[PDB]
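Of the protein chains in this complex, all but one are displayed in their positions.
In order of appearance the chains are A and B, and numbering begins at 1 in each one.
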Amino acid sequence: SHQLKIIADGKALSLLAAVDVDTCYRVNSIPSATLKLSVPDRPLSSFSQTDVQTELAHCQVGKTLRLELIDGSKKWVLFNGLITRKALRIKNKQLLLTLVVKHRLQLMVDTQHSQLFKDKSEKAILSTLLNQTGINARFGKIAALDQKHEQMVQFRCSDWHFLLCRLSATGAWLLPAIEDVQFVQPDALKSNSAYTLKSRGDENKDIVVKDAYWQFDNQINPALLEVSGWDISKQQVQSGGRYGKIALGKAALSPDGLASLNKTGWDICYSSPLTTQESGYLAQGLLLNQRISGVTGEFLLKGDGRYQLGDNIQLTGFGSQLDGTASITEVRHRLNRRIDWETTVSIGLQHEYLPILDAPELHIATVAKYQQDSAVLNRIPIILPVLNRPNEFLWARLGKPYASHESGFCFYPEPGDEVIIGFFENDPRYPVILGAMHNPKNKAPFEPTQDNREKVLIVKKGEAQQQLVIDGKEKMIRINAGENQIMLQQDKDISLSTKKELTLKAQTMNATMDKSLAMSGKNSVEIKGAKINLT
Amino acid sequence: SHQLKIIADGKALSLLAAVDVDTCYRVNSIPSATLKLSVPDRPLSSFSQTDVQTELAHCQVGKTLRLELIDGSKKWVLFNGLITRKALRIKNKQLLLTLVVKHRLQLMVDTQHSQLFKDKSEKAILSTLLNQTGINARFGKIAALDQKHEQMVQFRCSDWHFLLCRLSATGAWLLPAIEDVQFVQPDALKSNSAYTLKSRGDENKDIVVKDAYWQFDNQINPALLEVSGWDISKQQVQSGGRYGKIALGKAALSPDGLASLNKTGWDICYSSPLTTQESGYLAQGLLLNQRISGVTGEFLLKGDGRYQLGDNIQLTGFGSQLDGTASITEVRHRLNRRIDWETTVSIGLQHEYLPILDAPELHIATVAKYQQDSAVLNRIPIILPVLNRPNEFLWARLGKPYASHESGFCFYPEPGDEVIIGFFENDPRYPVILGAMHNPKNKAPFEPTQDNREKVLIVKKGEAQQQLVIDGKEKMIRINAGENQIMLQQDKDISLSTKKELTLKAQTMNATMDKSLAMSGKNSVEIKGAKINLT
Partner (left out) sequence: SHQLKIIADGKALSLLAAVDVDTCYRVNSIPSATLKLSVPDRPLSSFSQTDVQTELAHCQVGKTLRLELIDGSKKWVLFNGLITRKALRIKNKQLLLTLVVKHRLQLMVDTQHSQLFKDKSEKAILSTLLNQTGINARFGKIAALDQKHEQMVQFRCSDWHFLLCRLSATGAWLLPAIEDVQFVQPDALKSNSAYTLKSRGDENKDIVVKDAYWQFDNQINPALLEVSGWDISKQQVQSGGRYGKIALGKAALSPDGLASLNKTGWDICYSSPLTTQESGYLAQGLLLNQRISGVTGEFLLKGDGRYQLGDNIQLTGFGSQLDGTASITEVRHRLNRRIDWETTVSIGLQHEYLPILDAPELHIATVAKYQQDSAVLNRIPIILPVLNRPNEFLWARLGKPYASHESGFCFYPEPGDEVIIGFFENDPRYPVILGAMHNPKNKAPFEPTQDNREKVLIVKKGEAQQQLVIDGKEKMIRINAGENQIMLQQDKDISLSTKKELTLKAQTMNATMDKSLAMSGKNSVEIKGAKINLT
C-alpha cells in the first residue's frame, strides 16, 4: 500500500505526484478511475515552463493510462484506460488538476450507428460488437446466449446502449476486468473463491472489516413473473413460463426470501411475436433485475485488494438474519494520505439499466427483390434506408384491407416499391407494412383532380393495361381488361367492345328485347339448330 | 410527547428504543415513516445472541407496524403500515438500523397488470381498484367521479400509476388517513375545522409557531384553460368549456390572484373523441395542478398533533399580503431528543404527477363475434391479447381505403380475423384498425411469387368462391363469380363462360361483326319477332 506509479501514454510519470485515487469497478457498467494530482514544488510563475507543459502533453485527453500500485513484494495493477476528463483547477496560488480515466468499454458508448444482425446467436452478436470496437471478449457458459435470431436490429442507439439492453434480455452479468471483459451467468457465480468475513476476527490472517452496511429492499418484488408473447401460427398467447424464485446467493443474503407484498404475482403480455424460448429467457431476465435490488450491502475493507468482481464473500459469526453468501459487485478503491488504502467492496446492484436499445416512429422502405428462405408466412422483404446497408434486407408482414380466412384481397407489391412501415410494439425486429405510396419515380397514373372524375384499379407492366375504371362524372364503369377489350356500362346504356372474338358457352340462352332487336354480322351469318324455326 | 411504543407484527417492541421518527403524510401520495432505532445495552459481541435475533424476526421486511405515541392522557396513533426497507448500519462499534415503513397504498404501486373497465363510473372504478388490493375506500361528494365510461383501459401500468392518473383527470384530492383513505373535492374542503395562526399569540391556548415559510410562484400559470376534443358525429371540435379561475383558498392565500404573465390563456385541442362532459372535468383538472403550485408554504408547529390532511388553517394578524386560509397538505412529524416533538405542517402541493397511465406502440387483435349494443357507428369489436381477459371485448373504429360520404369501400372483416390496431392520441380507450393480416391459420390464397402472376380480390366461405382475378402475365381478367361462371377477357380475345343459363334484358340490341358471325345452339333454336326478315 505504498508508492503507486502512473504510466501515461506508455511513459511512467514522476513530475506530478497523485494526491487522490478513486477507482470504481462495477458489474454491468463501465469501470472508472479518478486521479487528483498536483505539482510538488513548481510555483505558478514557474508552472508554464517547458518541462511542466511537456508532461501535460502526455496527460492530454485521449492518451492511455495505467496506474500500478507496487506492493513491495507484488505489483498490483488497478486500472488501464483512456483519459477522458482533464480538468485543471487553480486557486489560492496552487493548482490541482483532476483526471477522469475511463475503461475501454467507454469506447462503445461514444458511437451511435444502426446495424442489422440478421441470423446470429447473441454470442456471435456480442463477439462482433466487441471486436468492432477493439476490446477482447472472454466468455462464460451461458444458457441464454446460445439463441439464434431470425432478425436482430440495433436501431440508432449506441453500442453500449445496445449491449446491456441485450444483457438485460438474457439475464447475464458483465464482469469488466482489467485486461478482458468477461460474461457470466449469475447462477454460475456460486461455488467460486470465498473470502470469509467474521464478526470475531482477532487474527492476522483474517480480514479486517470497517463500516459494514447492508440493506433489505422490498419496494417492488414480483413473487411470480411470466412474459407471454404472441404466436402467429395457431393464434394464441403462449407464455414461455411463470419463472419465479431465481436461485441466487445463500441463506439470509439471498434475494429469495423477503416475501412480496402482493402474493398474486406479475404478468406482461407482449404483442410482438416472441418465441417460447426468448420469452422464457426474458422472464428470468426481468426477474433478475427486480430481485437483485432487494439485498444490497457494502463493506469497507483494508488495502491489499485481491478481490475481483466475480468471487463471493460469506458472512460468518454474525446474527442469523445477517449471515450469508453473495456475489461481490462494485469493488472500489481509495488512496489518500488520511487513509492508507481501502477497498469498500459491495454486494448486489440496482435495477434500472442506463442504456436504451426501440423506434416508435413511422418510416418508409423500398421493397427488395424476391426471397423465399422464410417459414410459411406472407412476410415480404424490405430495404430500410435508416439501416445503413442497402444490400441486406428485412422481412416485414404486410397489412392489407380484408385479409380473411382464405379469401384475401392479395395485391402484393412489386420489388422496388415504397411502403409505410410501422413496428409491432415498437420493436425493430418486427416491422409491419401499412400501405404503399406513389412517387415522382413511380408515378401515379392520375393526378388528384377537383371533382375527381375517375377512380381506377389499374394493374399493368407498361405493355398492357388491365384496368377497372369507374368514371363518376360520366357515370361509366369501363372494364378495360387489356387495352383492346372494354366492357362499357353507362348509367343510361351498356356496351361490350371487343377486338377479335366473342364467345358464349352456356346450356340454355335467352334474349328479351321489348322495343326492337337487330343482329348484324358481315361476310357470314350462320344459325345452327336441331329444330330451327322463325315466328 | 413522551414514550412512543412500536407494535411490530402485532407485538409491541421493547428491546430496541427508537432514536428517530420521521412520519410524512401528503395529499395525492403514499404516506411514509422512518424509524431509526438502536440497541440500548447489547455490545457487538453480544448482539448476535438468540434474544436480539428474535426481535429482528419481528422487524423483518413485510411485517406490519403501527407506532402509537402515548400522550399521557390520550393515545395518538401516528402510522400503520408495512416494513419496506430494513437497513442495518454498523460503525464505530455500534449499530443503528433504519426502518422505512410504508402505507397500504404502497401495496398498489407493487403490481403491474393491464385491465379493462368497460362500463363503470370512476367511483365504481376506484372502488374495485382499492378493494382488489385490500385497503378500504371512504368517499366524498365528488361532481366528477359520477361519470360513466364506454371504455376505460389501464394498459400495462401499476395500480397506483393508474390511480392518480385518474385523480388528475377528475381534479380530486387523495387524503390518506391512518385507517381509511378518503377522496374529497378541493372545493368542498373549505368551511372545515379551522386552527388559527396568530402573529400575536402570547397565550397558552393559542398555537405556538416556529419557522414559518410561504412562497408565491408564477412560473407557469394559465389565466384561462380549455380542453377541446373531437366530435365524431357533426365533425367539429366541441370544447367542453373555457374553465378558468378555480375557487380555492381564501384572500391573499388563494391560487387565484398571482396574475399570469400572458393574458391570452391556454388551449389544448385533443384529437381523441372525448365527450363534452369529460373534457370539461379535464379542463379544471389540469387547471388545478398548475394553480395549486402557485401558493405554497410550511409552518413548524409544536407537538400535540391533532392536525390532519383535510382541515384548513387561517393566518390572522399578519400582513395583508400574508393572511388567508388554505387547506393543509403534507403533515409531517419529527421525534428526536434535540427537539421534543414537532409538526411541520404545510400548504399547497407540487404539480407533476409521478404516475403514468398511454400505449404509443402498435398491436394486433383478433376480431370477436358480433355485438350490436353500441351507438350508430362502424366500431367493430376486437379482442386484445395484451389485455388479459379473452372474454371481454373492445370496440375499435375501422380504417379503410376510400370511405367517402355514402360511397364507401366496405369490406368488414370476419370474426376471428387478425388486425393492426393503433390508438388515437395513444389512448387505450380509442383504438383504430389500420388493416388486416393473413396467417398460417388464416392462409392467404396465394404465396407471394416472383413476377407475381395474379392479383385477386377473392371473397368466399370455402364452398363457393366469388373472385375478381387479374392475371398480369397471361393478360387476363377473370370474373370468377362463383366457381362456374367465368367472364374472361384476354388482351387479344374475350369470352363469357356460363354453366346453366344466360340472359339479355334490354330495350334494343345491336350486334356488329365485320369479319364473320356464327350463332349455334344445339337441340333448339327459336327466333321470335313481330317483323322477322333475313337480308
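Keep in mind that, in the parts below, a contact is a pair of C-beta atoms (placed from the backbone, for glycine too) under 8 Å apart; a residue touches a chain by one contact, two chains touch by 3 or more.
For chain A, the residues touching the absent chain in the complete assembly are 44-45, 47-48, 52-53, 56-57, 60-62, 82-91, 102, 106-107, 109-114, 133, 156, 360-364, 366, 384-388, 400-402, 409, 411, 413-414, 416-418, 420, 422, 434-450, 452, 455-462, 465, 470, 472, 475-477, 489-529, 532. The missing chain lies against chain B, touching residues 199, 210-221, 230, 232-235, 237, 258-262, 264, 266-271, 317-322, 360, 369-370, 376-378, 380, 397-412, 414, 422-426, 432, 434, 455, 459-461, 464, 466, 468, 479, 481-485, 487, 494, 496, 498-535.
The definition used in the following text is that only the chains that are shown with their structure count from here on.
With centres set at the average Cα position, the gap from chain A to chain B is 28 Å.
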